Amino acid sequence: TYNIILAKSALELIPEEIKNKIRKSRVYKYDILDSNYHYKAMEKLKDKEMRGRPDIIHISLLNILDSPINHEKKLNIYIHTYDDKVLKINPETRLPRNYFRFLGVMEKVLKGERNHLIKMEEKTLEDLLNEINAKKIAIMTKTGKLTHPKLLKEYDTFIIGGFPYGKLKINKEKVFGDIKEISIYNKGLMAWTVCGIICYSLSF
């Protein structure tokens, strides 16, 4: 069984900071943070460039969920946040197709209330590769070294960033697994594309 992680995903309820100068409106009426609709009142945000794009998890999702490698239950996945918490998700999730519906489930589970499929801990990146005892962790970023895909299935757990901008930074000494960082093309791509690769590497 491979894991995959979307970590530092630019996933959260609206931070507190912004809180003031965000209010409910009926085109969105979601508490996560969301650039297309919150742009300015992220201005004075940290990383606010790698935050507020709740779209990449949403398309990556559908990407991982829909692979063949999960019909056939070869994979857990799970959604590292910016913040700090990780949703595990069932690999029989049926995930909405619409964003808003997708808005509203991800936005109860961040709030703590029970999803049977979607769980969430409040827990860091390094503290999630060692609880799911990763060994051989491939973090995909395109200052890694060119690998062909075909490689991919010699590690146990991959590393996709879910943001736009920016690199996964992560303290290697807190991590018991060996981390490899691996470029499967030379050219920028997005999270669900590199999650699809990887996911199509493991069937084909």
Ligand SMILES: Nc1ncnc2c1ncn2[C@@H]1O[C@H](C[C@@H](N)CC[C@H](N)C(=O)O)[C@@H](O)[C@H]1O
Second form
2 protein chains.
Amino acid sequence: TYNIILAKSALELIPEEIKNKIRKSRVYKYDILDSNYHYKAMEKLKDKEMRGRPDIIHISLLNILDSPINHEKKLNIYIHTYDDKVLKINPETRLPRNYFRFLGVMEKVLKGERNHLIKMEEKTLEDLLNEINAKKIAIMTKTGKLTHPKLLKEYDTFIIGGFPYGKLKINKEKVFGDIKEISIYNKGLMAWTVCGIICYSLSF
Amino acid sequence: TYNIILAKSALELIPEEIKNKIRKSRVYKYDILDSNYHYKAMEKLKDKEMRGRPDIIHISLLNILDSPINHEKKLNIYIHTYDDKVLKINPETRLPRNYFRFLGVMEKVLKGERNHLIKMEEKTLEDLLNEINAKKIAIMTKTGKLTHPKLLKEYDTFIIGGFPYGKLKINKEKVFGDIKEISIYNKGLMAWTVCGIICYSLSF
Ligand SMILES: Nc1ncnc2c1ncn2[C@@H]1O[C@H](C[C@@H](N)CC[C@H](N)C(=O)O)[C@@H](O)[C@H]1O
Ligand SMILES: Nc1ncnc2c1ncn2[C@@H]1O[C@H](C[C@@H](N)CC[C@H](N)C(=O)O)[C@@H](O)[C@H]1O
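Please give the other form, namely the form deposited with this ligand bound, since only the form solved without this ligand has been shown so far.
The next block holds the full complex; its first chain is the one shown before.
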């Protein structure tokens, strides 16, 4: 099996820090940080530029969950969040295609309510890698070594940034497995495209 | 330069027959049929089971538009709809990631408002195929002949149903080019997954 991880993902409950600046409305009734609705209240938020984009996770998961490699039960799926929660997504999860419905599911999971298909734990990215015994880790990034996807089969673990803008940073000395930075294209792609390219390279 | 077509797509202004059963609301203000909001009003609509799913198109287009093969300007992109409209999607279209905003864009286009990146014409699928001079056509369907994605490069035109349930029906006698039915996997996949698999085959 392969592990696929969307890491430092822009999927969080609204940070206490800024709840005071959030005026609630009926157009958006979720406690999930979303820049489309909280852009102002996020102005002085640390790393604001990489937070508040849950649709990156939604769209990527729609791609991952439906991929042949996942239908063949050959994937382990994890969402690691900006604030160090890890969601293990059961391969048979039926993810709502509706964005708001999606937010509703995630809101409950992140608040610790039980979900037999999506397990949540508090955990750093590095600890996750060690506990699943990731051995050869490909960190996907447009600034890594250009690499043909037919070579991706050589790694057992793939990490894709689940965030809008930035670069994925990981503490080498805290990870037992070997980490390699890998680009599969010379332009910046969206996260779900990268997830798709990985999944399909694993089947074909 | 390849043609990719999402065909008989579940993307329509509310059908004349059931307009009287559907009121704009604050929850969903768009004149686009969506069964997540209009399920009951669609009870007695013909082919209801393959209509009212704009999200299939939204997600597929997000995959297509961000694919390397499209960044390299090697795609022509078409949405053919259930009611015989054809939307030509400029490769540089920046499609809203937000579903409702996507609906707002598509609603205007379908109503005939000028959009310089998305052109709309009344047109059947067969007519579309003839106009673009499709010669070697792969119709994707799980029931077709299984074909490793590696071979997709031999065709010039790909057709994927932009609908939830059923099978694409095409009058071959009305089509100049050659049509083969092709399966890329031994299981029903979602349309966006098939689009993605095709797009990535074309680049690797
Ligand atoms: N050309 C690429 N090769 C490998 N991974 C990529 C590529 N483009 C985007 N990604 C992944 O997509 C994630 C989220 C992106 N919105 C950020 C892209 C950013 N330009 C980057 O390469 O880090 C990134 O953190 C990367 O992991
Ligand atoms: N295993 C598959 N191999 C090739 N194309 C597929 C496959 N599964 C779905 N598609 C395409 O995706 C479209 C949308 C589907 N939701 C329809 C599912 C239906 N089971 C079918 O294969 O036709 C279909 O019209 C096909 O064009």
